[PDB]
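Quick heads-up: it's one chain on its own, the form deposited in one PDB entry, in structure tokens.
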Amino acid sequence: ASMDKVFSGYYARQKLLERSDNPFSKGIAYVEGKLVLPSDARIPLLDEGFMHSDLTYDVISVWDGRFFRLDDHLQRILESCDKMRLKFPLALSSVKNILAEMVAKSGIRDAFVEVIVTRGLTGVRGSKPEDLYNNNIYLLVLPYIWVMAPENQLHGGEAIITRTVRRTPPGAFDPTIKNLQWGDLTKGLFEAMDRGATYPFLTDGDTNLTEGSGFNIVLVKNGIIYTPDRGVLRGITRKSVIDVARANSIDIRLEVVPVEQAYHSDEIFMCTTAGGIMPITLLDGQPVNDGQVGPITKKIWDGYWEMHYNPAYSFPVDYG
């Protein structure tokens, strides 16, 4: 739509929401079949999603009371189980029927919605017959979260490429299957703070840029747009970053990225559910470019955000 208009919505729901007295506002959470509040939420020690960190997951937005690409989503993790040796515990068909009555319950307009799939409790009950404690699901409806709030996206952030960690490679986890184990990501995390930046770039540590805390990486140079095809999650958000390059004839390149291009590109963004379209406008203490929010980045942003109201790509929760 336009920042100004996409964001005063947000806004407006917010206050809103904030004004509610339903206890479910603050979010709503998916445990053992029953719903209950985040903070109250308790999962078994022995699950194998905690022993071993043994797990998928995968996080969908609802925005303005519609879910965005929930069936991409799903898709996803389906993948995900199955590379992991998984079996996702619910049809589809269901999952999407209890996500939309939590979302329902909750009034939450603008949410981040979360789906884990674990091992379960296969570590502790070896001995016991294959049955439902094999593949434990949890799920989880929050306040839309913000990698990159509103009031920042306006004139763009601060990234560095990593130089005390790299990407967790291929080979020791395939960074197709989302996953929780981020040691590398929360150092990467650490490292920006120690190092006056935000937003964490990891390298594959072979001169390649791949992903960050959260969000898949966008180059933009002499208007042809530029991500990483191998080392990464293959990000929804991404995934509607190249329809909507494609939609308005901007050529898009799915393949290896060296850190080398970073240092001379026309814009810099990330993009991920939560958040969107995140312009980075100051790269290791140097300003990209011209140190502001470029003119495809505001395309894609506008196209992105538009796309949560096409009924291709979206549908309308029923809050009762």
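Positions refer to the first chain, counted from 1. Whichever C-alpha set is largest while still superposing within 1.5 Å between the two forms counts as the rigid core. What changes on going to the form deposited in another entry:
Just one of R163, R230, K83, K128 moves its Cα by 2 Å or more between these two forms on a rigid core overlay, and this residue is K128.
Switching conditions: you have the form deposited in one PDB entry, so give me the form deposited in another entry.
There are no partners or other molecules in what follows, just the one chain.
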């Protein structure tokens, strides 16, 4: 649907949420079998998710009371756990039920839902593999988080190609495993600050684009969509962009994307669960094309938000 329809609905739902006297309207967490306010939630100091960031995670959205692509996200964090040699510690059916219960209890209709699986209390260094499967899980539901605020999506945002940092390469850490080892991405955020921009686009140092601080990067040139095929998370928002492109008969190329190409793009946008489809209209301080949000970006934008109401991709939470 259109930006104005999507956002006006969000604003109405928010304003209602903000008037709520339910303390869980600010979020809810599940830690050691108990529901607690996120500010009160605590984890063991000795959890290896803290002591060596030895964890994977995933993030799902709820929009207008509808979970979006929950099955796809759960499959992804099962794959991440397998790649990490972590045993996912709950039945999938159990996690699905608990997450829906959390969202319902909060009353939050537009939510950010985070699932974290850590190595647990026994570190890898000095352990037998069979002693490394008592793994911990933490669940968190918050009001929907925007990597680009609604008001900013109308006009687009300001990016830089980073020059003080490059993406951690796959031979150091497999970027298809969604992880919280953000040392490169965090530095990119600071570089953007220092350079008067907001969004860092990290290279691989070998002249190609990868991803940013919590989003994939998409270029549009001569009617074709391009996005990096390696060095990045296989985003489910990106997956959804591919679906919308198919529905619209727009060619999309998953391939190596040289940095040079960003400087001649007709359109650029970022994509992620925490915000959706986020246009970029300034790059390294200069306009991207004419400086306007472009027509293919808008088609993708509208189709992406329509998927949030499509029963093939979403289901409603029962708030009771």
